[PDB]
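Consider the single chain below, provided in structure tokens and representing the form deposited without the named molecule.
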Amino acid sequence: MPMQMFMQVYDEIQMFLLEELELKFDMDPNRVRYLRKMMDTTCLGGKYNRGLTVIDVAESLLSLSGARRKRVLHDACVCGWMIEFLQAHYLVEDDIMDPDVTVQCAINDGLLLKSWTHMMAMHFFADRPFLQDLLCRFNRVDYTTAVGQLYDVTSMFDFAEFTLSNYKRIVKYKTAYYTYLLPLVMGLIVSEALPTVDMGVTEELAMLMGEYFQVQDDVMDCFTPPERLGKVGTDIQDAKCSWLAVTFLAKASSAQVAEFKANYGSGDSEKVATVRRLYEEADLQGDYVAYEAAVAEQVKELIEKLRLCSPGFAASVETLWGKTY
């Protein structure tokens, strides 16, 4: 039912944006069909974790506060696709980093996807009292992610920034704000229950959940094989500021740091394997278990602090934090 409605609203969103181009933007059918295939390629395929999070938070606040139900759930789906389209916009910008018409179309696709988040919001929320509030929080969160991408890309140019606090800074701005905090806020906006929740505790929960999931992704990037991870682990080659790096540098000897610095960031298969051996010999995956446990217990505690003033809100977070575990 949640996914079946989310995909049905996608059809409603897509046919509006494409008809608007046809009727109000002088676009020819060939380019309309081209943009249909592009929209389906970049936006459809993922697990829709950010989009469905908005709907799961919205439906809890309705029955735990009737034509208002039909409107709030539809607004949640539009806000859900605003994030998914924004995610597609970020992914397209990532493809460019790694008279050529195929690169011009990639840049133009990234601009179109980002603009479509504004267009679907300005249309479906034209008579909603929160259109100005939603667009401002959406723009600021987008600005936050761009700042977070600067912290990550330049985390090795100016190993001084390989610290646990700067790692949190990267995860906070680059990932946590738009993946965890943004969908939760959108569930409170369409339900008209934003000032009824502790924003500080909700903020703190989003950063901790982002930290938990980013540490797990860093370990899986290095140790999970390609066929089981779904991609190729590239953090060691790209010299990223991963949780495995900042944890190793703290508990490594002066020689292990020298052997780490002389092999990190290289593309050579043997230098990358040398980095994995140091991670293995340092018992980092033993520290990974205890680190995620302490973070998980912080998530369990702050959910209780939020339910004293927002019971149904924490119920969605519990089911969303629980999920596949």
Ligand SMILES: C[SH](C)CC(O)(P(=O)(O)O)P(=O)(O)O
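Superpose the two forms; the largest set of C-alphas matching within 1.5 Å is the rigid core. Residue numbers count along the first chain shown, from 1. Compared with the form deposited with the named molecule bound:
Comparing C-alpha positions between these two forms after a rigid core fit, one residue in 105, 135, 147, 239 moves 2 angstroms or more. It is 105.
Residue 315: CA moves less than 2 Å between these two forms after rigid-core fitting. Core-superposed comparison between these two forms: the CA of residue 38 exceeds or equals a 2 Å shift.
Once both forms are fitted on their core, a CA shift of 2 Å or more is seen for residue 21 between these two forms.
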The other form holds:
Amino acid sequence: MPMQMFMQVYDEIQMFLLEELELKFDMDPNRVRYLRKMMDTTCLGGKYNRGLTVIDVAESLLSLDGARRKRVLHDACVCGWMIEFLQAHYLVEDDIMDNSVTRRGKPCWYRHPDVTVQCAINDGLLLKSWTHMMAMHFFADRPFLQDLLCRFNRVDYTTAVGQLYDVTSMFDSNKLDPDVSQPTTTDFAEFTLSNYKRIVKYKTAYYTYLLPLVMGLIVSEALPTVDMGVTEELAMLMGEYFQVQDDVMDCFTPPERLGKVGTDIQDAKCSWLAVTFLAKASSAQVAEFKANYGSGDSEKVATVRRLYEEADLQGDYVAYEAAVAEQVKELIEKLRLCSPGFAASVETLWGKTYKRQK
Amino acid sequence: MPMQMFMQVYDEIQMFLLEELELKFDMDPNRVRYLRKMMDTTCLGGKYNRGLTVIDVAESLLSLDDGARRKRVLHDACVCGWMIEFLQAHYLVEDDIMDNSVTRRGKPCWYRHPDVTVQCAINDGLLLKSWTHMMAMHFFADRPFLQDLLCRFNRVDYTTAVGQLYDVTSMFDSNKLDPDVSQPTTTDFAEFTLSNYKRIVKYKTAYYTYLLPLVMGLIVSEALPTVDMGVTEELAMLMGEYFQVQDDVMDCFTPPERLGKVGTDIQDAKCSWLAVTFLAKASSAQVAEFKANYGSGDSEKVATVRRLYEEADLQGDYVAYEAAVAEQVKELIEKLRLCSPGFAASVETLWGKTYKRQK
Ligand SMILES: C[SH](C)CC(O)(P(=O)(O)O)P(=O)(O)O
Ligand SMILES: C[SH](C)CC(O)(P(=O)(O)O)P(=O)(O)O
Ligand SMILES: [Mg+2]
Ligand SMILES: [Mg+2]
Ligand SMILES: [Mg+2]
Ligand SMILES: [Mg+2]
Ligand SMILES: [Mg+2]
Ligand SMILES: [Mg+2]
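What's the form deposited with the named molecule bound like, now that we've got the form deposited without the named molecule?
Below is the whole assembly, all chains and molecules, this chain first.
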């Protein structure tokens, strides 16, 4: 049921936006068509975990006429797509930035035959603008609008900050200077777990876990009923774990199943595997890593991958996952004491995360 | 004085943003330093026409106090000024990447900086736009005009992005625009018409360069309903088109030394005012030679497009266009002045920064 109403609102949203461009922006049929495909290709096809979470939270809180349920669930759907569109925006720009080839089992947007890189960048910008346009259209007379948009913007900002941390993680920060060029790090002195946790917290945790929960709370007019300090603890913990999984899958999950080809090794990214390996590797292991990491060369890439499974990074992963699962469990109970309905939706959200195969 | 106050608020805004990143985003000194440099390089060095206009319109509508109101209105105007300047900074960063430009404001484009990777530049541009929202909320959280102000700011942001779409896809046959099928630059240039050009410029420049500064100035001095918006929009659109025509003409004929930026319009096969105007009057021979030289990085093929423009006396067309614009602007400003003398005066001042700008 959730999926069907969620998609119904997507058509409703798509109709409003496209018709508006046609009627108020003097847009031609050819560009309206291009934008429709852009929207479907960049916004659909994922797991919709962020969007569907808003709906489930809203529903879980609508008890603490029958029309209020309808308006609340519809508002939740719109918020769901605001987050999905926000991600679509970041994925379009992210793929360009990470030089990726595929996404969701298809070419990345900037990789489509008739999509130029220059237009792709702007297309990404349109995706973000659409989040504001839809919000203003549906939540015009809604009293929670300023707070809703205020939080949404803050999370948008946090994500951009995280992206900054991500794209500059492989360059000696002490030498970061706009006026002087610098090659990738060779000593990898900054590939630490501390630096890794910061990257992930900001680039993924906030928009993937905190935002969905928060928007679900707002449309249900129930944000002040929950322990926010515990909610953020959970959001951050789950988000970190989510990204660690994303990193692991990038290196070990076959594209066929993953839906995308990994670029972390080639992009010399400060991934969970990299920092974990480096912290435990011998000087010999580190030397070999240094002579193979950050290269497009298939064999060099293959060597890094082997260096990883010989340092038993899977054993570390299983131990990490267990540690997180334990903390999550505890935090969810603390949350359950005064916010049982909400703690339950958080449980369901963790159900879509713990040991996902994506 | 206008500038002095404007720069004081810049420092205040910068301090707020950078310190927040340090205290709430766990940012290190190195990256704080990078962002400070990114902000300065990206938001400073221009003419500040858009930002200074917000301040000037605001001050003019004031007469509609014991110092408190004036102090607040002018400061709000400065914040809005920077919101527009940061919004442009955002677009300029991305636009330079999109247009493969080399210099800007006399310096390398942001993404051309020795230590700025293209991938980071794209995101730095995103940060610039986010800052407009952060500063807005920080300073206007309690203002009654917050929602209306942000609603309008976001609409103009959206219109600008739509303009960019029109601009970047203007050299490709739209009938064949299809994500799944590659397609080369137009060879017949059938879409390089004045009609299509007016649409490109209206959305990509007119709204955020002329309408937004005025509208924001009115909002902060709380006098938005005191002006004939139909006339104000007509004026903004006309002045905006003209401004972009100047930008296109300068791209081709103003030496980079004075311009501060190297032109890329011909090499990029852009639907510029010069191209559309040339094609509409050119003989069949001129059109052939145009098609054989336009959209190439070859220094002699671009020099031929320049000579073609001079041969077709595009300066004669420009002078006439300029006069036609000046004529309407004057008549529109008079229509404004009848009901809004203070506002009409500030619009005159803006026109003065536009008309025959040497830029
Ligand atoms: C928007 S960012 C979280 C997207 C990724 O998770 P990345 O951080 O690893 O680049 P991706 O594997 O989907 O490219
Ligand atoms: C943001 S756009 C109006 C910037 C330009 O005016 P463009 O439209 O000609 O690319 P530019 O000459 O300053 O690059
Ligand atoms: Mg990526
Ligand atoms: Mg990335
Ligand atoms: Mg990844
Ligand atoms: Mg440009
Ligand atoms: Mg451009
Ligand atoms: Mg130009």
